[PDB]
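One structure, pasted below without further comment.
A protein chain is absent from this complex, but the other protein chains hold their places.
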Amino acid sequence: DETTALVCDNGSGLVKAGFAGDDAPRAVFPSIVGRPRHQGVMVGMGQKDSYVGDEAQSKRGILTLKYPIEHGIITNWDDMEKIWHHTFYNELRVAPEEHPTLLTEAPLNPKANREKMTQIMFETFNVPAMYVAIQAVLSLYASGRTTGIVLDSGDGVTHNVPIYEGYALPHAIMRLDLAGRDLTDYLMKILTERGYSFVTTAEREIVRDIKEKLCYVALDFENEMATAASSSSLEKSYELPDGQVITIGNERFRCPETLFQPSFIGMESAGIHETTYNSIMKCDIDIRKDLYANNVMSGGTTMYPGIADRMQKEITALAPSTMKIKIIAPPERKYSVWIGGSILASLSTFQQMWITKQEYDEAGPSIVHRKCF
Amino acid sequence: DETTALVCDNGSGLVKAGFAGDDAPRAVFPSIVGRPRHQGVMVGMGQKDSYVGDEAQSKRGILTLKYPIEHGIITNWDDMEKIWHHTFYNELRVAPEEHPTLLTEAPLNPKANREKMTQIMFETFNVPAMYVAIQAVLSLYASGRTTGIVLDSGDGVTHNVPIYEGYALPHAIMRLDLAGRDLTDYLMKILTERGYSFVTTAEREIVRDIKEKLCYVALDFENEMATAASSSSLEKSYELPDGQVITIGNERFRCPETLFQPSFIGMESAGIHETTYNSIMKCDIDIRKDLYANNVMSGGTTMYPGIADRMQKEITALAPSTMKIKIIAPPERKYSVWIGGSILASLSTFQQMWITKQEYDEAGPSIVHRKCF
Amino acid sequence: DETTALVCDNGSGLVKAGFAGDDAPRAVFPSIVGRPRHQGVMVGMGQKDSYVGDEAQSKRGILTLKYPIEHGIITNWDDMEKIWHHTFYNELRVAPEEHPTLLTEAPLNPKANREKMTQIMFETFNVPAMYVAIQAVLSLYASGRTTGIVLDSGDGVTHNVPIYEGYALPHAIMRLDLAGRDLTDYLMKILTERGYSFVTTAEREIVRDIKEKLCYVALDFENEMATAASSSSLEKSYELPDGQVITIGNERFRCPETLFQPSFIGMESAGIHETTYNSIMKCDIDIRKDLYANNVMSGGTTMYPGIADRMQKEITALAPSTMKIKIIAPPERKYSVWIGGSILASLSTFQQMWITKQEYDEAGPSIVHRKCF
Partner (left out) sequence: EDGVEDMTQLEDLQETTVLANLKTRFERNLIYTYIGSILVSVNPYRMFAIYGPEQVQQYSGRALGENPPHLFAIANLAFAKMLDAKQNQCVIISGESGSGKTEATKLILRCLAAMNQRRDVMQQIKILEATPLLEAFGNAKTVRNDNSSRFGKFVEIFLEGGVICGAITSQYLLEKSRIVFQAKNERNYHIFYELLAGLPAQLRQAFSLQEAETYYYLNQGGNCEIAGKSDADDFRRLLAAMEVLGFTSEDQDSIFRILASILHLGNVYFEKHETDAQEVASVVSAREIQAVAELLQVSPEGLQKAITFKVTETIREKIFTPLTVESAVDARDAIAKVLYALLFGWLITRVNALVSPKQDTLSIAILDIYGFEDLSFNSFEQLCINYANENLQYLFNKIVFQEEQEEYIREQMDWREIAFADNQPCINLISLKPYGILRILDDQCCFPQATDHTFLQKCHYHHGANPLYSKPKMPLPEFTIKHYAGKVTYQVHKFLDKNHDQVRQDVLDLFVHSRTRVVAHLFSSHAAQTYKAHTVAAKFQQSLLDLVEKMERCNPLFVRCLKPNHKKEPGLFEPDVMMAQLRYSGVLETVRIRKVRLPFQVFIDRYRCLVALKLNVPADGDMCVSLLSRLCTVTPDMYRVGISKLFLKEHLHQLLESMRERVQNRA
């Protein structure tokens, strides 16, 4: 009885799912639940009271966009259940009671989150078996490596996990709540300097698209600020969905710099380079050599052009001058975690590490804290 | 028990009624109540002291024409009751106590108007059920669409209502009190430049007929004024009901231009193109695209030859240069609202949105503010 | 050489100016530029083609009122220059080239606004020195405090600024575009329910006067709606400038409730209480205690009788049940910002924080972004 196990990377801002053994996610759509707010006047078109991610993307102008997952933790459980039901039935058209499912999670997430996730996916969808895997180990699986620090930076969380030859160092795991959504909010707040006002949720997503299509990270900040406010070479234009053209100057690269300077939002934490260096310096010396030599990336918010060069420069400035820093920036930073999950779920030696229905029924939901990580 | 519901579009200057399910109004006649003013000398012919619209049309010379509906609001209630009684009994020959009735209304009309309309149509005619629908949603129903801005311009009101996929935007509804009757008054006041004097009500309606049969809207105003006062190509002749021939020059197109330049009457408001553009710019961007692409028309006073081309030119000059403006000008601008009402009243899913007699009797007339719009 | 510095609070709808060291603004007049629209017939009385605020107030019936400042940002620069020239010469009768001037601004305003303001006030009036100060810090100065959140709600903008012991938290500044002018527009749109039509600019200002003289904010909305539509105790009468008496019912308190329920205008944002609570919850815990204990108000549009009690009730319902919320509502909510500016401009330690003419001439207008805030 051959049954491919589903791999459902339900990230913080995008849901990436598919079957195990493929090379790319079958379905990719934002994790948004939309509800209309105005009053319906045409008799008959007042029945669809909830639009899942892509449909709610198509109809931004007459409804409100709410993200069920805020900064990693699942806030609204009903919306997340709706998203899971949609991605199981209306998107893959595969009954979830005949396929095992794999789910991902941030490292330092609360425990009630896992307990409720297991309860929902065992009682509602009646999945035969499920598993919860940290995203960094899946990123390392997908990178085809066994050593190095994973810098997984989605739009809800940014965490480092040092691994050496398969043995994780759980006392060096660092997690930051600064991610892509906060970059989008800073871009919204910094675009007002030129007069563009974005307040609604649809305008917030327009700003998100602007960030994806225009923003980049510079090597040096003072030099690039001088260049921007010394000419018009860095200015680029964007077209809003009503044909209105906007122009962006030094705001192009001052949006993603807050990753290295989180004092712009007012956070007391340090940049991603500093957290990576501190996580290395929480590990053993023999570990430290290979952690220096094998930095790896993942997550969407690390796709800014020029991120690798600057973080290499910063680590080299921080690390001792005689060591070799080599930062891996594969062109699949997006959904590398899903590729790793698909590799992991296709292993025949993984068949014994599921969470069978009998186990959950006999020992209760607490076994998700025992069989994971 | 099959009972077709009556649809009675009691507009501001013309009453258009009929049964639901037809394709054209059964009865069309002006909404005028006429009363004789001279002294009767023949014994016996002094009994008919009130002539309803068409009879008062036939006998203009010995009576005064009063419109019960002035600028949308119902001023004289007894005259309107007489018109309703006539159009129910002497025109359709259908008892109103056996058929539901549908009525239309301007968007921003007062509330006592609706309360009194419901009270009269429930207490006098004893209609089993009635409903009040905004004219713009019925225009969209008749146009076979679900998006776009309706420019409903009768002879008492000119209002815009933006709708996107059945969800109205009530904060972008704009209403102007400049309509066809004010165009007729301006034509009366502007015809005196050539010596023709029209003062009485019958002469006012002769001027209305002149406006209907001769007036048009030009693409450019200065060029057409120069052409008119540079030749006699635009001059046309009309024959008054006594065989007296009149000639009209540049007054032919300077009567309906006040729709785009309402400063001629002295109003501080802006033209219909400007109000449509401002109503669009009060909506969301994703809404704005489809509102640009799907402008629609209705009402009698939009039947001037050349209105669509000029308003397209003006919107294109106002809107960003990269968007596509497409103005729908169906050949049923007159009584498109009635066609939409007939479509709406024939739906079997509409049966539950009436205002039953029990509901009105138990909760009072205030429910017309709850079940409408 | 003793020279008192002028303090010119050029708000969004009213200009409040005077000398530093006084206790009340010397001059208060609306910021309106009026231009006649009809045709002059008397030879000689066709020369005054522009009336500044108070003169244009006196002659509303023959001219159009345009506000140069729309929603905080300065739209028409020539009209604002005319207003500044008037308030310097024809109102205070003080040459502006011998006195330093202080100006106020919204927090999140564009930067070209500041650059052009400095350029105009240095090149045209040749002021020796000028400064641009945020309105919330001046409100805190006038309240005689150093902690708390300022809710400055003029007629163009409504913004919160949390300050603790003089250290502002710039990442918790929230700004809403819902202000008094939008309340006036909603009152205009909601008065049509009783038949009163106000379309022109003079009628808009009559509605503004109605709002100032009659509107109030209730503690509970459903209870007060039931009371209003259960009796005639809340009905009040107003006399238009032609002796015509109007009566207002539940529209009296449904105009200023949109501050707490901005969905009436269709905005997706939340009420002022919700924005204040969210701004608090963007601050540190030790900050949060004193921000809870020291809420303060300013701006004209917070003078509605009953605003303090309702916003106290709402914050208490939002905040944890064990904390003490104390909302400061001094009787100088109007021109509290000017009192704070006068206090700030009279300090002898402030003499070194001006923007001298030499500094602007040597470094250009960009220093207004460096020496402000």
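Order as written gives the chain letters A, B and C; numbering starts at 1 within each chain.
Note that in this section a contact is a pair of C-beta atoms (placed from the backbone, for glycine too) under 8 Å apart; a residue touches a chain by one contact, two chains touch by 3 or more.
In the complete complex, the hidden chain is touched by one of A:93, A:171 or A:324, namely A:93.
Summary of contacts with the chain left out: across B:327, B:337, B:355 or B:368, the touching residue is B:327.
From the options B:119, B:201, B:278 or B:346, the residue with contact to the unseen chain in the full assembly is B:346. Only one of the listed residues, B:82, B:145 or B:357, touches the absent chain: B:145.
Residues of subunit B that touch the chain left out of view are 2, 4, 21, 23-25, 28, 140-141, 143-146, 308, 326-332, 335, 339, 343, 346-349, 351-352. Mapped onto subunit A, contacts with the missing chain fall at residues 42, 44, 47-48, 89-90, 93, 95.
Just so we're on the same page, only the chains that are shown with their structure count from here on.
A complete topology is adopted by the chain contact network, contact being made between every pair of chains. Comparing chain C-alpha centroids with the centroid of the full set of protein C-alpha atoms picks out C as the closest.
Note: centroid distance subunit A to subunit C, computed from Cα atoms, is 42 Å.
Inter-chain centre distance (subunit A to subunit B, centres taken as mean C-alpha positions): 56 Å. Among all residues of subunit C, those that touch two or more other chains are 266. Those residues of subunit B lying in contact with subunit A across their complex are 134, 137, 140-141, 146, 163-170, 283-289, 292, 319-323, 344, 347, 349-350, 353, 373. For subunit B in complex with subunit C, the residues that touch the partner chain are 73, 108-112, 169-171, 177, 263, 266-269. Residues of subunit C touching subunit B in their complex: 37-38, 64, 189, 192-195, 197, 199-201, 265-266.
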